[PDB]
Amino acid sequence: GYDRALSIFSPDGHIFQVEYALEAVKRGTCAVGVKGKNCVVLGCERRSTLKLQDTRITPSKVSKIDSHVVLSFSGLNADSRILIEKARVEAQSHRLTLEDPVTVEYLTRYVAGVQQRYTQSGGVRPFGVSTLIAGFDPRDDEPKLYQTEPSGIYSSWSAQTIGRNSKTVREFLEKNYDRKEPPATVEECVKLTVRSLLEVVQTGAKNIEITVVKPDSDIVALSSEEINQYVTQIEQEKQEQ
Amino acid sequence: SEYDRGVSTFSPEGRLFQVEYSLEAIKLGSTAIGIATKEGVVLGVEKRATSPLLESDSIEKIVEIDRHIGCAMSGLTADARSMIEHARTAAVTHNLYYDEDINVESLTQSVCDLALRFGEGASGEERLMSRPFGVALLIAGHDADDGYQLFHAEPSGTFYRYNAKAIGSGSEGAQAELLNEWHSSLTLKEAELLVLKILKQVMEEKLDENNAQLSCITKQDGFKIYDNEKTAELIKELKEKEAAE
Amino acid sequence: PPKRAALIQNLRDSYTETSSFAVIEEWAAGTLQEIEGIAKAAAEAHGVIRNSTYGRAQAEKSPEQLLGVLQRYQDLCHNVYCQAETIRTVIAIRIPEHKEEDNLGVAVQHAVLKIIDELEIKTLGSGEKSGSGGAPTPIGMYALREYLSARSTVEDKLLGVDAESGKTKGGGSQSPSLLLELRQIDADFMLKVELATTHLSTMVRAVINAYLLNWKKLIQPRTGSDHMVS
Amino acid sequence: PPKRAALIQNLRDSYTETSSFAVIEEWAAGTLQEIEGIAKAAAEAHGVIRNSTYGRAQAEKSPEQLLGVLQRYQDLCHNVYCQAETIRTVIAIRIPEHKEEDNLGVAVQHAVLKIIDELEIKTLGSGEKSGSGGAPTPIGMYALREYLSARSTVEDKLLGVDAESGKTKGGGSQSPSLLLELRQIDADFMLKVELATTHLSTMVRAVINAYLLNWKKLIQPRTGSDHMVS
Amino acid sequence: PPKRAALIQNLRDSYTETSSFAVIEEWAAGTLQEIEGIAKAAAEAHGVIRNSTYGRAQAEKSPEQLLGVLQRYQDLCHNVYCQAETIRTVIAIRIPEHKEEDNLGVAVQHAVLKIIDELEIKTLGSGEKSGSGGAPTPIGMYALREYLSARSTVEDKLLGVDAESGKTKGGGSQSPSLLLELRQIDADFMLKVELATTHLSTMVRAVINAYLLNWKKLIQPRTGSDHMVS
Amino acid sequence: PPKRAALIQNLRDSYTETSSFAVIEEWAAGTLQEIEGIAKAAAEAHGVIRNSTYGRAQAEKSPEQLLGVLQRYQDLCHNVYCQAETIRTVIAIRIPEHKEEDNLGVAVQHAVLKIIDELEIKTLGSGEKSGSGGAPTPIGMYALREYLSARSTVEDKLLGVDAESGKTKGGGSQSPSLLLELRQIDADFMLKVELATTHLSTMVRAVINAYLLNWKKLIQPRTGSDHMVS
Amino acid sequence: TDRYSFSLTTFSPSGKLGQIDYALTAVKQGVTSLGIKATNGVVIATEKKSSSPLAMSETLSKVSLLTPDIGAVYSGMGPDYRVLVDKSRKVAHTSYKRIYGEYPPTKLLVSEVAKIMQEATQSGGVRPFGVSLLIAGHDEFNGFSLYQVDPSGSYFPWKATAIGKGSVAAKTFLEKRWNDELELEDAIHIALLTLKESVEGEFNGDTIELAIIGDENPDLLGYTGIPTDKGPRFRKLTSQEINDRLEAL
Amino acid sequence: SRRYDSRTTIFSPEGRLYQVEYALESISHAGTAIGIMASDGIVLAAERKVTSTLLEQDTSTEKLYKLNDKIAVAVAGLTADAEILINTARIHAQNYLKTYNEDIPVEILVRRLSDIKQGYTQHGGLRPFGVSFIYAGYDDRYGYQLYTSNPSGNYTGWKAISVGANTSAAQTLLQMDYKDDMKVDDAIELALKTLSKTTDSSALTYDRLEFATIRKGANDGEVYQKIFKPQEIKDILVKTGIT
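Residue numbers (our numbering), protein chains in the order written: chain Y, 383 to 623; chain G, 43 to 287; chain S, 5 to 234; chain Z, 5 to 234; chain D, 5 to 234; chain P, 5 to 234; chain F, 5 to 253; chain C, 9 to 251.
Note that these hints are calculated values from the structure, not bench results.
Beta carbons are placed, not taken as given, at the ideal position from N, Cα and C, and that holds for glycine.
Hints are supplied without guarantee of correctness; some may be wrong.
Some chain Z residues near chain G, calculated using beta-carbon distances under 10 Å [stated by the list, open to error]:
hint, residue
1, 62
2, 99
3, 103
4, 104
5, 105
6, 106
7, 107
8, 111
9, 231
10, 232
11, 233
12, 234
Below, in silico cross-link-like pairs of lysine-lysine (DSBU-like), each with a Cα-Cα straight-line distance of 35 Å or less [unchecked claim]:
hint, chain 1, residue 1, chain 2, residue 2
13, Z, 161, D, 133
14, D, 133, P, 161
15, G, 69, G, 242
Estimated spans, in silico, between C-beta atoms of each pair [what the hints assert, rightly or not]:
hint, chain 1, residue 1, chain 2, residue 2, range
16, Y, 435, G, 130, 35 to 41 Å
17, G, 278, Y, 487, 42 to 48 Å
18, F, 33, S, 231, 52 to 58 Å
19, C, 109, F, 103, 49 to 55 Å
20, Z, 234, P, 136, 56 to 62 Å
21, Z, 100, S, 231, 31 to 37 Å
22, C, 14, Y, 435, 31 to 37 Å
23, Y, 441, G, 218, 51 to 57 Å
The task is simple: from the sequences and hints, build the whole structure.
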């Protein structure tokens, strides 16, 4: 077989080791990014299955990279922590050498840069992470949303999802998200993000994290009640028809 | 069966299969087409997106190297970003040292002297990177010495100059057609409808100005990447001539 | 190649996954209870022969009750072997282009195909001309044929040969053992149906599990996805 | 070597890809329906024998309807085996120079050739002298021959046979089981045609798929392309 | 797939680990003592025949004591073979999705399954048609059948009687060795039961150990645990 | 699992190392001298037949001296095969949890087990239905059976029919060679006991050495010792 | 054989590094050696075996001085021990004496040595040491000590124990005749009667190499004038001192 | 045959890292250790695995260690692999103190360590740490905290956790009786009231234990960290359910 190393091409021009890394992203929990036209909203799910543990300092899956940029992932947990750190430092080094704080693409590019660097030489293993980077460039108002894969490629999207059962959530989004006219309200843009996870969450808002980011370094996480205030209003019109 | 696992292993008949497979990686990319005319050079590509939520321009399949040189790639994207980057630095540096523009082929040259850096072991010097790049390039440019030139870069390390060429999944049928169309006295507008026509042909999906990107370069304005409205009507204006004959 | 695409399409539309899944449901309920039925049908039929005394009278007729079981069995094997060929036809036509890579699914296909053929071999039975593995398989689905052929040979040594003139006779064999053997041939072929069906239960239950788990890979051996190349 | 080039050329012009593709189309429509036809032809023929009572009368004549099926079957096997040899001839003559490299296509050729031979083995059937795998293959295409030979041996035991002064009889037979066996030999060889054809459907449907997918590599095992050397 | 999940569930609920463990307990006590019993039952029966003189009288009847052993044996094999199929059914339905990784447990399953089949082969015995390994297996569970068939052939040569003149004399074929052979056929088939049972003890004791050790892996071939990914 | 631990415990207490070591001691002294005894017992018995002239008289009785040897031999094989099954039972129940590591001892177990089975095959002998290796094994432990069957067939040819020992109405064949063959059948089966026992000596001596060396590993296949982890 | 026992970097499915255990086998083979902790001393001993009497065994030590308060012995691959020793006597200066103006306590040397033992492991391209040592010494704040060090890098403290071929039982003997009180002379005794059964050769003064940690020897310095510099506690008994204690059993 | 478990640098077709999983498997071979959170303290309880009649154990330790003057950890797994970490874990802890002139926060220290363990999982020529850790400590940021980390490099915060042998059992029992506020002397209770049930030995003997706790209050405006002595144990052990 030819799937044994990163430095070998299969007869048909593939490199399976990198491909298999992706098969791990599917293992992790689901993440979903949805942008409006004055905001961007990220959503996740909580692996609430085996708990008798703490609560205070529980990861939110979503992390801030700079005052104006947040990042979310899916896949090998431990692997993810390093990318988040490396991107945080770079974000500060950019300000140190150019005054100006980073752009959402420059960050995405730097990250994917790393992910690709770990598929070059052998005696190295590709990060088993896939990530969604959202935010707003400095003194700019156009919402941005990018995604990166373990292979090293990055891309922008109007809305996108990764992780287990991302095929489903994606179908949904596709027939709902209007390219010509994005959610014009942070409230509805949330509503749309919530209702999408509400097809893989397995009931309860106790399994859903939502973070909202607007222009001017204005970011803010969501609470358990607020989140349920939507599970509520969407469980209405659900049987309402 | 046994000699295709080492990038530094000759098969009994003097062949380097890993390099060959490398190329086979490109066929998987979507088609890219280049046609040269005494008026300028044209570059067109099939975008091919998995979803309607992707942002098109997100897929940079055609890019600028410098004001007088552009190009379209096919194959592994991560591997492309690295060449595009080297190429751009190559151009700019030369500018700095000479206060002039790098000859298209001399640029193409440096791009190949880069792929030429594969191989791990240690028999003397040192060139860190295990295998061949999985991608090819269509470099369209122009310089005062040899005018509008069009090149094909292969991970093998060599390159040829073309009058018109196509790479990617469709380079099979596309290259045939181009063999029976191209002629030295083609106008720029003529080549545009030709690149546009051959894609539609050996492409697949209904050819819309979303899954097809088109660009060109000229002495006058350098590298410009045709906006959507232009390409859009260039498609209508195209698909029309098909009615009569 | 627009026509070549057609042929392959019609093929897979004739035998969809629904066709083979139906076969599994049948085996889940109907077909399994039937085997368990034929199991005790020949179980009590074997108990009867054990509590009987054989005389010349039983060599002058073939026990209709036994012919009822070996027949009811041959019938079941017939059905299974056909329902199997259905599942096999569903897979065989979905074996992808022969490659030297991406055969993770193909392996699953070949694996299940093998277990199915092992099932078809049991039902089809041994026969009388053999496969290097011998005849460790209980009794074929040609039990009826082999049975009558076995008993027939003994009914001739027993009921006899009598040529005439009225002054001398021939025989209606003496060996006391030859008479008991006619009794055993009825007892054994009834035991062979118990076992053959006990094992056939196991086999069927196995194939059901094996199918219900790998079915996704059986239909979709390869999942195209070129996200790297572009 | 301009003449040696000629011979090889004429060879491949006599058996082009069109020749073998035609064979696949035939199997797609005509040949498959025919097998499905012979399937039920012997299916109802087996139902008839199940609802009949055999007497000395049926041992004095060979059931022509059965001979009609076993014959119609032998005919189909004949054709297939020849249409297969056509496809094989198309490939065998396109096996490239023996090398130790670039055998990705060659592998495909050998692979398909193997599945085809597995098909030819089924149709050709078992026989009566045997390959290490035994005779797990239903019934050969010499069913007619084996059938008459099986029934014939039993028709000599039921009927008897004579010569003259003393008594016409001569050979010939109680055993109630020997009479039922004449009934089974007619029933079995009808079942053997059901199965043999059911499996033969599957096999044919498989080879069709296998061919339609790898055909490009079958004709062009190696694709010369020296872009590096110059 | 909520229904497909159901089928697989009901399957494993019908044959739990408790079902197979019960089988092992039975073999631990009951079934083993029984084999050791049948061991000496035919041991002393072999000693008797060794101290006897055979005459024409013993060719006119089948020794009921021996038929008592070969029968009591055939009964035990029957049971074991069924109790084994139980253990096999418990595993076969718990063989996971076919993968190319994480088969450490699967290996254990296949391993034990093999030792079990090796057991079933011994009990099922040799037969009269066979497997490439021959018949190195003592005597099948069809001893009764083979025995009567062996003795029967000799009771015809030895036996064929009539009366003449005042004092009495007799008229079967002569060979003094043919008479001793009737004596050996009774002695051998009694020895074959000693051995067959001695080895059958060993085999059973082995399977018990083999099961009691790997049972955890037999039920839980794979232990899901994604602690890294999240 | 406190009960599951019990079962496995009682098993290994029933068959300890002492049980198998006793078997080796017996083979060291008693059993070996006995084989060397049976060796010359048939050696001189073969010399006698070489210096004798056979007539019709020797076809009317079976040489009791020879039956004394083939019997004394069958007795020895019986014992050995049982004493072996003892040693095997001692190991089989001590085969550890199936792992993919630490099988250095397990290998030794399987190795010795194989040599033992090779021994059991010799003693059990060839038989009359055969294992792919044929019958290169001298003579089974069923010599008595095969012998009487061989001589018996010839005592019928030489020995006439209607009638009774003498000059008679009842003759036989004149073939001078058929008479010498009756002489050879007595000579050969005596030679087959010489060889069978010569080789059987070697085999036994081997197993003794093989056991006395690896016995530690046979009982303790794995030696737990976690000094690193803590 | 596994397919996991030929790589220091490899975990078997259960979780056992391999090459280590086989290394630990070369040790469970070496010549028998023991160590007993007293209340006012500690004794470490190991046997000697001659290739031939044509060789001078009195030019190859087996009980070594690391610090004038610590000595050590071994069982396993001869050659390793010889250098593992000189690397220990150095990592004893460069890592402590040269930073604190004094020699190191028992515990820390044993750990500075297990540290060098550790390296051999974590890293493909080298093999671990085929030796296991018993290190015995004493330092002011800890009283006397006894420690074992294996290729695995781990190390533990005993009261008494043995390593080598004849250890299963020797380690059984000791277990029986040990109690918190034994004065050093007792230990020196209990040792010989255990170094007794563990031999097939002889029992003279040469084929036995034993040393012990005890009281200070104000003679074994070489100078006198400085009050605190009192003397070395490590004493390797001479061929004579021995066989005398052998007569009185 | 052919398997994807030959090293750490290799993903199986399904994105599994076997080599790492096997290391995670080496833990179930270690002595049980427990950690229980409390409204006023944290308890660390372990059960020495290794054993023999002549094995010094009243002086030296094997499972409980002080990293910081306010942080403690329970070990489980490869002895040597444990020290290598423990030491660096101590150096890092002191650099924070030396730079910020403040004591290092618990999560930061646990994260730094998990981040090293992570790394030995991604680079060739390296073998992951066959260790697991139960961190118990206190900082002014989040009061008392209980954390756990495995060889894969992930960490997490429990209210009561167990690692080692029979984790299923130990874990289960706790999940049952743990009262969310439970005072300290009830946790030290529950410590044995769990370790007991999941042992083997005819009897749970003191010389086979290791306890330590972290308490603080208004009194010493700071934290007192105690590592029980063989004595206190043999005693508090009787006060419960041992003769």
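Here is what the structure says about each hint:
The beta carbon of residue 62(Z) is not positioned within 10 Å of any beta carbon in chain G (closest approach about 62 Å), and the interface hint is therefore violated. Restraint check, residue 99(Z) versus chain G: the minimum CB separation of about 16 Å is more than 10 Å; hint violated. Taken as an interface hint, residue 103(Z) checks out: its beta carbon lies about 7 Å from the nearest beta carbon of chain G, inside 10 Å. The criterion of a C-beta within 10 Å of any C-beta in chain G is met by residue 104(Z), whose closest approach is roughly 6 Å, and the hint holds.
Checking residue 105(Z) against chain G: minimum C-beta separation of about 4 Å stays under 10 Å; hint holds. Look at residue 106(Z): its Cβ gets to within about 8 Å of chain G, closer than 10 Å, so that hint holds up. Hint status for residue 107(Z) relative to chain G: holds, with the closest Cβ pair at about 6 Å, below 10 Å. Residue-level restraint check for residue 111(Z) holds (minimum Cβ-Cβ distance to chain G is 8 Å; threshold 10 Å).
Taking 10 Å as the C-beta cut-off, the interface hint given for residue 231(Z) holds, the closest approach to chain G being about 7 Å. Hint status for residue 232(Z): holds, given a least beta-carbon distance of 5 Å to chain G, under 10 Å. For residue 233(Z), the interface hint holds, the least distance from its beta-carbon to any beta-carbon of chain G being 8 Å, beneath 10 Å. A distance limit of 10 Å between C-beta atoms decides the matter here; for residue 234(Z) the minimum to chain G is near 8 Å, and the interface restraint holds.
Among the hinted pairs, residue 161(Z) with residue 133(D) is consistent with the structure: their alpha-carbon atoms are about 26 Å apart, no more than 35 Å. Straight-line distance between C-alpha atoms of residue 133(D) and residue 161(P) comes to about 31 Å, which keeps the hinted pair within the 35 Å bound. In summary, the hint linking residue 69(G) to residue 242(G) is supported, as the alpha carbons are separated by about 17 Å, within the 35 Å threshold. In this structure the hint that residue 435(Y) and residue 130(G) lie 35 to 41 Å apart at CB is violated, the actual value being about 50 Å.
A hinted range of 42 to 48 Å is violated for the C-beta pair residue 278(G) and residue 487(Y), which are about 33 Å apart. Between residue 33(F) and residue 231(S) the beta carbons are some 56 Å apart, a value that agrees with the proposed interval 52 to 58 Å. The given range of 49 to 55 Å is broken by residue 109(C) and residue 103(F), whose C-beta atoms sit roughly 25 Å from each other. For residue 234(Z) and residue 136(P), the Cβ-Cβ distance of about 59 Å falls inside the hinted range of 56 to 62 Å, so the restraint holds.
Remark: the range hint 31 to 37 Å for residue 100(Z) to residue 231(S) is upheld by a beta-carbon distance near 35 Å. For the pair residue 14(C) and residue 435(Y), the supplied restraint of 31 to 37 Å holds, since their beta-carbon distance comes to about 34 Å. For residue 441(Y) and residue 218(G), the hinted distance range of 51 to 57 Å is satisfied, since their beta carbons lie about 56 Å from each other.
In this structure, the hints that do not hold are numbers 1, 2, 16, 17, 19, in rising order.
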